[PDB]
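Chains shown are a subset, placed as in the full complex.
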Amino acid sequence: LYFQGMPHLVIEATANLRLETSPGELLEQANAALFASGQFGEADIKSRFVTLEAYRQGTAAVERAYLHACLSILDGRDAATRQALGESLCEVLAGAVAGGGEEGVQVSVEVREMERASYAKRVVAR
Amino acid sequence: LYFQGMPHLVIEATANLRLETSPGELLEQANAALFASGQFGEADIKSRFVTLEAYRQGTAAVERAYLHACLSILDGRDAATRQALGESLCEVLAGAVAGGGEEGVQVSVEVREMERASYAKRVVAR
């Protein structure tokens, strides 16, 4: 069996962030966005949403919220590919933000590469 | 005291994943496998396991579970070294899976590199 076994997507949200969707819906939407790229197998996109309970942004005594994602793909794609993927996620994430804290909400997406030569993967059958 | 201060190993398991071992036992087996490589000081191998409470694999309405590790080592080793480390961990992780969701469980391991020139470390004495 040949399978990509990636991408891995980790979405971190401060506990005070308010979204327009449930976390499940956000994960669904992020995964649909990634699948729509045509670069990934449907069952290979593996995403998680992590609530941050202990966070600080800057030094000011200002209530703030933030939302960050890190998309990890296999090495080898070109710059334009990586940039497009990050932008497609950022659109999904930014669109899901209802609000949080007492000012605007920073949304960021990193796209990073995993060394495919050393990436190990298996499926453990049911 | 000269010490490596690494590697760092992070294991992530979806909340629906059943294992044959406790998380702590799985960490012990992973650390044993890493120490058996002969590449690391005994006290320098630092591992942690996290359960992902909010996750989604793909878009299909199929219950799925997955297990992932990210091993971080200092830069400067060759490709063969990195590949071998990842394979060793992948065998441990795959061995630990009992089952989850309604189909097979994808297991993956990334081996990544940390810039040793900027890596800061200290031992705060007892």
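As written, the chain order gives the labels A and B, with residue 1 at the start of each chain.
Everything below uses one rule, namely that a contact is a pair of C-beta atoms (placed from the backbone, for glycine too) under 8 Å apart; a residue touches a chain by one contact, two chains touch by 3 or more.
Sequence-identical chains in the complete complex of this entry number 3, based on the file rather than the 2 shown.
The definition used in the following text is that only the chains that are shown with their structure count from here on.
Centre-to-centre separation of subunit A and subunit B, using mean CA positions: 20 Å. The residues of subunit A lying in touch with subunit B in their complex are 3, 5-6, 8, 23-24, 27-28, 31-32, 35, 42-51, 72, 114-115, 117-126. Interface residues of subunit B, counted against subunit A in their complex, comprise 12, 14, 52, 54-60, 62, 64, 66, 68, 79, 82-83, 85-87, 89-90, 94, 97, 99, 102-112.
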